[PDB]
Amino acid sequence: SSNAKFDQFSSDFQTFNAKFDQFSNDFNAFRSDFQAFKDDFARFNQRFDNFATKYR
Amino acid sequence: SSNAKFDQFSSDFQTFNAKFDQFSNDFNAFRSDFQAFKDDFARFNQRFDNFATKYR
Amino acid sequence: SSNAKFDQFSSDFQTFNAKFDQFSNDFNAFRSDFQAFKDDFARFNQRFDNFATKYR
Amino acid sequence: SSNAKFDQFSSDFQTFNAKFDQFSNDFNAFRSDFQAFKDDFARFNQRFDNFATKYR
Amino acid sequence: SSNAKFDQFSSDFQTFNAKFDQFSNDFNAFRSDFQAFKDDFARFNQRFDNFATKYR
Numbered sequence: 001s002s003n004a005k006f007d008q009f010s011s012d013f014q015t016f017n018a019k020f021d022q023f024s025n026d027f028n029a030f031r032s033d034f035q036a037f038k039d040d041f042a043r044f045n046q047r048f049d050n051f052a053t054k055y056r
Numbered sequence: 101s102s103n104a105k106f107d108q109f110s111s112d113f114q115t116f117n118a119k120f121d122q123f124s125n126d127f128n129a130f131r132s133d134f135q136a137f138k139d140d141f142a143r144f145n146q147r148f149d150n151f152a153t154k155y156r
Numbered sequence: 201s202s203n204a205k206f207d208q209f210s211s212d213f214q215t216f217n218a219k220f221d222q223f224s225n226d227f228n229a230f231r232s233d234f235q236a237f238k239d240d241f242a243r244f245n246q247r248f249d250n251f252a253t254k255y256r
Numbered sequence: 301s302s303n304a305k306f307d308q309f310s311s312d313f314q315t316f317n318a319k320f321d322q323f324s325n326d327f328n329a330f331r332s333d334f335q336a337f338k339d340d341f342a343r344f345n346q347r348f349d350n351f352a353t354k355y356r
Numbered sequence: 401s402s403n404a405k406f407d408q409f410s411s412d413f414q415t416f417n418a419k420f421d422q423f424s425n426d427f428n429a430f431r432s433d434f435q436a437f438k439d440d441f442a443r444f445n446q447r448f449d450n451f452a453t454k455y456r
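As given, the protein sequences belong to chains A, B, C, D and E, one line each in that order.
Using this note's numbering, the first residue of the first sequence is number 1, and each one after it goes up by one.
Using this note's numbering, the first residue of the second sequence is number 101, and each one after it goes up by one.
Using this note's numbering, the first residue of the third sequence is number 201, and each one after it goes up by one.
Using this note's numbering, the first residue of the fourth sequence is number 301, and each one after it goes up by one.
Using this note's numbering, the first residue of the fifth sequence is number 401, and each one after it goes up by one.
Okay, chain A solo, but in the shape it has when bound:
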């Protein structure tokens, strides 16, 4: 192909690489959010077990 056409594609690919990098960071922020929920659920589970034992 012409250099001009290839350069358009390579810079387009660079935009995609940047978008993917952002999505990867977004996904990891979601993972952090999910871990925070999981730990909050663990705290609930322990509080429940405590209550259910005392009120069994």
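A portion of the hints provided could be inaccurate.
Here are the computed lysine to any residue pairs in the SDA-like style, where the Cα-Cα straight-line distance is at most 20 Å [claimed, not checked]:
hint: 1; chain 1: E; residue 1: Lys405; chain 2: B; residue 2: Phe113
hint: 2; chain 1: A; residue 1: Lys5; chain 2: A; residue 2: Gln22
hint: 3; chain 1: B; residue 1: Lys138; chain 2: C; residue 2: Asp249
hint: 4; chain 1: E; residue 1: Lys438; chain 2: D; residue 2: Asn345
hint: 5; chain 1: B; residue 1: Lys119; chain 2: A; residue 2: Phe13
hint: 6; chain 1: E; residue 1: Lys405; chain 2: D; residue 2: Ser302
Examples of chain A residues lying across from chain B (beta carbon under 10 Å, computed) [to be verified]:
hint: 7; residue: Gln8
hint: 8; residue: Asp12
hint: 9; residue: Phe13
hint: 10; residue: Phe20
hint: 11; residue: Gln22
hint: 12; residue: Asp26
hint: 13; residue: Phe37
hint: 14; residue: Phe41
hint: 15; residue: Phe44
hint: 16; residue: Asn50
hint: 17; residue: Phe51
Treat the hints as calculated values from the structure; they're not laboratory data.
Note that the Cβ used here is the ideal one computed from N, Cα and C, for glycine as well.
Here the structure of chain A is known, so what remains is to put chains B, C, D and E in place on it, guided by the hints.
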């Protein structure tokens, strides 16, 4: 390779790049929904703690 | 480069593009499942709220 | 480009295509885990409702 | 098009490929977090069943 073939692929790539932006947007909408659920759960956990601690 | 090897790459990219579309659909189907769950969690939280108020 | 550079790229793309397919299968496996969880939650929700009803 | 420009694209694609492998690992780690959460929920569900049974 040749121009006509390359131009077609460059177009196909750009269509994929646009679809990737829409997926990234879909994932962020999901992240907001998930955070909403996580905070709703956090609210529930605090109400459960109040019931179990302050009223039992 | 060889037109014929480029033809293979173009086809393999089309295959990737279709698989990406399948994944994007699957992700959006997952979002619908997450929405059903989030709604179900709301059902529970609101039921618990009522219960707690009556048993405070 | 030269055929050698292109052919290396095409081989690298085929490897990425295979990894993407793997990820899409991983994502679909997750969707099964999520649906199983959603169903477990709907069953908890019914059992909570039954408890709250019988305990009026 | 030129070998120099192709070499730059090939480098960018290799970097994307590596990022994708990282993301796929991150997704698998999330899947593991999710399964552990699902099992935690099942453990709660059993605790709640045992508690509710004793209030009949």
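Contradicted hints - numbers only: 2
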